[PDB]
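In the form solved without its partner chain, a lone chain appears below as structure tokens.
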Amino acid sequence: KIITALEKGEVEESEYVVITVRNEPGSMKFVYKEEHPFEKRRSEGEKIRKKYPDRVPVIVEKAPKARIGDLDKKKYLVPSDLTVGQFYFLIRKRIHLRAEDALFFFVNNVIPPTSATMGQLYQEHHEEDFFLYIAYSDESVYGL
């Protein structure tokens, strides 16, 4: 029910125990999950897991009420050892966002730790269709 990660601070570099709670409440629905039924998504995910074992399949979509640029393609294969912060910056560059513009990631309504690898995120939060679902917004709470 509770998972923990460890992350050094950027200013005071001792390690935080970053607590994450499973099954958090949120309001977001994914248009990928509405345009494709479960079994179709699962077949696609299984085949892409067989083709690319070194990478995890991630769906990235804009959050409700978020005023921020659109993302052209929403399906990504990310190397397991790429950290969540690196993929964060990749998505920042793909949305063509100024360095001072805010971007927040949500995995089951929880901002993931920047220290973690995409492999860890996938292992801990991939759905039954073998996809990892990330939402993004410009504010810390979407749907507002």
Given for the second form:
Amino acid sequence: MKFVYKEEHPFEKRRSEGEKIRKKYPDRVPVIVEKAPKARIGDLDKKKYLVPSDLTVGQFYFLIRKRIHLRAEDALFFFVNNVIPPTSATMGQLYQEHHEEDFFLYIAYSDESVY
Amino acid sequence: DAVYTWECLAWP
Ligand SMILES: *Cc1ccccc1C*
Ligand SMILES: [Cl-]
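Since the structure above is the form solved without its partner chain, I would like to see how the form deposited with its partner chain bound looks, so please show that one next.
Okay, now the whole complex, with that chain kicking things off.
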């Protein structure tokens, strides 16, 4: 999964920011959210979010669906490392398992079930 | 809900 965010921000700057944000907000996790390449649904205006550790994937889906005005017939999937995370998983659990060495979790979203 | 809103997720 290629994240444009990494082109825009060198590793050491990301890592320094991620270390600091975890100390300031230990009950939240820092996330980079990007639309998967070629997905035909709406765009966010930011990539970097700071979400509650106890927020579930399902709650995040609900918020994105309403934020980008998805229709009922529109699908919405997340991918972490090209795999759909469980809807019941919390962000904190996904962070523990999948955070990168810059201390961020990376999530792609799409209207398709394959990244 | 009253806590888990879109703005809740915003980077500070
Ligand atoms: C907005 C927010 C931040 C941290 C934990 C819970 C909630 C609802
Ligand atoms: Cl709000």
